[PDB]
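One chain comes next, on its own, written out as C-alpha cells in the form solved without its partner chain.
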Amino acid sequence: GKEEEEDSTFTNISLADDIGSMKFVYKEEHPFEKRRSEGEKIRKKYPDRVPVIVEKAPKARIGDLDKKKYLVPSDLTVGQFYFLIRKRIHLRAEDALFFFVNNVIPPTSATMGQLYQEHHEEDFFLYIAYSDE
C-alpha cells in the first residue's frame, strides 16, 4: 500500500549496505598462523564444539557484542544461536536479526556444526556477521 511506501525522507544507500563488503576485524588484528594454531587445537580438544567469531555487519544500528570469540556445541541450531546472540545484544524480540556466513544467510535447519563443516576458514574458525533488517 501507499502508506507502506516512503517518499518524504531520503534513504541513504551505499556499499555499507552490501554484506559482501564486511571485513572482520579479528582477521586483521590476529595473524593467520596464531588463529590457525588456536582453532586447530580447540577442534582437536573439543570435537563436539565449533569455534566461531561473531561481528556486527557494517550498516547495522543494533547493539554490540561484548565478546566476539565463542565455542558453540555442534548440535546447536541456527535458530538457537540467533536467540542466544539476540539476548547478548539486548535486541527486543519484535525486531529482526540476520546472520551471514560467506555472504549467505544460513539454511533454516542448519546446526552450527553443519555450518562449520561447510563454511569454516583455513584458520579453523567460522565467521558470522549479524545485522538488522
Contents of the next structure:
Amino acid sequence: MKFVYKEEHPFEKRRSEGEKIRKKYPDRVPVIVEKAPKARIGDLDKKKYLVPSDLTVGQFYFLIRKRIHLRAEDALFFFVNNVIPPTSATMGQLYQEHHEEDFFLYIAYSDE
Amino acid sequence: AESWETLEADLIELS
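Output the form deposited with its partner chain bound next; the form solved without its partner chain has already been displayed.
Starting with the chain above, the whole complex follows.
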C-alpha cells in the first residue's frame, strides 16, 4: 500500500514533522489518515492530524467519520499496518505499537 | 509545510 503523503513528501521532511510533535507534545500523536487503495468509499479532504494520544480508537473513528464524505449508513474500517485496531485501544497505544520510521502513525480506512 | 488538523473544536462532542 502507498500513502500519497509518502509520495508528496521526502522522508527527511516527514521525520522532522513527526519528531518535532513527539518532543513538544507529549499528549498528542501525529497521524496520517488516507483511504486504502482498493477501498470503495467516500473521500476525506484532509490527511494530516494532530491527535490527543488519550482518545480511544473508537472516539477517533467518530471524529474522523464526521469529516468523510459518506453516505449516512456507510461504515468504515481502520487498518494500521494491515491490522484492524481494537476500538478500546488509545491512539497513544496504537502509536507506540505501529508508528513508522518517520515517526508518523498511518491509518488507512476502507469500506471493507 | 502541510497544515495540521487538530480536532480541538471536536472534543466538546465527546463529553
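Numbering follows the first chain given and starts at 1. For clarity, a rigid core is taken as the largest C-alpha set superposing within 1.5 Å between two forms.
- Just one of the listed positions, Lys34, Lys44, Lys69, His90, moves its Cα by at least 2 Å between these two forms when the rigid core is held fixed, and it is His90.
- In the core-superposed comparison between these two forms, the C-alpha atom of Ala60 has shifted by at least 2 angstroms.
- After superposition on the rigid core, the Cα atom of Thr108 is displaced by 2.8 Å between these two forms.
- Here the two forms are laid over each other by their core, and the C-alpha of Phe125 is off by 0.2 Å between these two forms.
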